[PDB]
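In structure tokens, one chain follows: the form deposited in one PDB entry.
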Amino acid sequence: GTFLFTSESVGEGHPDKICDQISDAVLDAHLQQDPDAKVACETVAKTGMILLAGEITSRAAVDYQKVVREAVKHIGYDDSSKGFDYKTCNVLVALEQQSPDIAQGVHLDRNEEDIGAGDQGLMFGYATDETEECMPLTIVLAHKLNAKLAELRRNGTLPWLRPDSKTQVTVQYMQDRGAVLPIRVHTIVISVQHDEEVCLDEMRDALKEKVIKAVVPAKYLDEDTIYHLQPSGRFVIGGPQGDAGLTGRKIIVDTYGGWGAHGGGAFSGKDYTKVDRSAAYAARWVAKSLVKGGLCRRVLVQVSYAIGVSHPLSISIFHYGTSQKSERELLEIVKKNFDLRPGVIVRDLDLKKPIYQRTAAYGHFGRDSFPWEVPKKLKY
């Protein structure tokens, strides 16, 4: 009756995540000055280069050089010995205004509540009662392993660590009437960039004793757990020098780690009129509200939009058999309690606030009591 499930996470210095963080630093910089900025900022990172490309229409005056370099500094790439340095990297900017054809179809001369979706697309929300934060254990543990690496890098106790890391956690689960119950950790992978001097045995010992044991409860680890620690054997070249990064290439790390579903839309670098972000956050809010409200133990929500149209085209609820109410009944409860127009979501979730860089590593969900993590009390 048991099964395995695997999820991964990446660290703040993983090149794709660098791009997500930069794109959201750019968004935040615009929103600090112009809450109605229209932002669609993609970032590319390769050896020695950050390129910004996309579309921004805003009243803000933003120093892209400074914003980009400060984000890279925070991540920890501050010297050529680490493969990348915020002080001496190339920052190239290929930003244009938002297409006027998009603007006229989406938001020009529209009442805010009746703004159209900024694009077509589909989005999902998911929640599971297997953890208090209503997230899958696999992805929670994978994120926490990367956060622990960053902590031990920044506090100087593992000074050989560099910012680029990846983790992967496989958990053995039991099924319980559509809900899932974690039993044990089956396999853990950790790969992290390191300095030229530290040897493999020192790193593997530290990753087990100072990282895994500081994160994963001992009850989940046993003599059969498989550890793949620095499995490549050498990871000195890293960051953008080891692998090109792009915004929106970690969309499963950003969400549910393979659980539930994904509609394909990236989050970072986008203002609220891009329903890829706002409606995914709202769908998480719905799903978590259903689970915390006791209506389900596990639930997947789909919503979809057409460009220029305010109301969603479709809403669907899938409860995995974990409710006494039918999926139709839950859908009616959702429709009576939520208004998923983007110009309403923006108000309910406060999506003009410049908090987005904080979302761009360690997952957008399950953390810090962001507005989409605070369940709505449902009337039914």
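Think of the rigid core as the biggest set of C-alphas that the two forms share within 1.5 Å after superposition. Positions refer to the first chain, counted from 1. What changes on going to the form deposited in another entry:
With the rigid core aligned between these two forms, only one of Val93, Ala306, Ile252, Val198 has a CA shift of 2 Å or more: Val198.
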Contents of the next structure:
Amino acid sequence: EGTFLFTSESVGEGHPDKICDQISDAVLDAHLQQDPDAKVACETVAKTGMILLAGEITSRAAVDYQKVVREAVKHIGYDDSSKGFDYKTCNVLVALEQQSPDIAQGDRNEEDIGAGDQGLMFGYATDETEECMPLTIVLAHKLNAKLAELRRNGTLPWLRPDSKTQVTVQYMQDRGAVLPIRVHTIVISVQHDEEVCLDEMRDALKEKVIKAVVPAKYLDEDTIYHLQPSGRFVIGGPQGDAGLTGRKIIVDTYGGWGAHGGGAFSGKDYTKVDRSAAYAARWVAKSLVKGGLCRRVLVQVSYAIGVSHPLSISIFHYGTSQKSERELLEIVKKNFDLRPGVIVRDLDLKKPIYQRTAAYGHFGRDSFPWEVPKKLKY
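Alright, leaving the form deposited in one PDB entry aside, put up the form deposited in another entry.
This part shows the chain on its own.
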């Protein structure tokens, strides 16, 4: 037939894994506000009544970690025992040292600073949406964003921060391109208070959330809706659970499409090529699709610690381009300088913009420089 199903997941800000991501990037932004050259590698752990920060920081900034964390938890929305977590009374432990001096040494100009680590990173784009992202992860992200929006404007006051969404879309293949046909299944689980009744929640999730996010041409009579499938969900977040920074990296990127090199984003400054090179790889892929050179493209780059030039660069257009992959590679080499010291300059990665990225996806939102396509010259 040539038709397949694909599912992508997205979680809300209250998910324990995402709490750690946002806190880690909140610590990063705090240092960057005072020291644009701060070295930050801040991991976060969240369990019952605890937030723990562990990692390495080299900064001239004076940061109040107790208040940075508690304001992030407050922003996420956990302010009472009835929700399972409260920023006012939770335990905050800090185990932050200085960056390894062996790491810092391995003193040089801005344009050929070596990568802070080895690693491989992927970039991906697809013309199936105007965001150049897969429809499954775009819909999953926007659904969690609509839940938080309706929670914060008081129109659905029974909502709570923890949530998880899964969107299954039926796809058609066409010479390497993918055509979304219909939404097969939507799953939504969201934390809620004790007063609201189950049936009222499920109807509100369909009329006020799904219908407000999913275009009507993808929903039909056979679409399956799994709304609050586990029944009650009064307590969520870190209570009775455990979350870690960088445990939602597929949620953070392409929701299972493309490829992933394993590196996590949150809590890492721009010198960590896990973040800066992944943002640049998305920049390249989106510029190739928006520029009309392909319908769907995957990009890989890799680095070695202390070396500035990428060790390998590869392009794959899935057969959606008239031009061969090698000349796509040259168009990239002529338009992009993928050294980490040049990426930070081109993408303006010293700004405290990273707490915004820790939820609803790092890719597919016009607010970010790596999402603005580059006018290609060749």
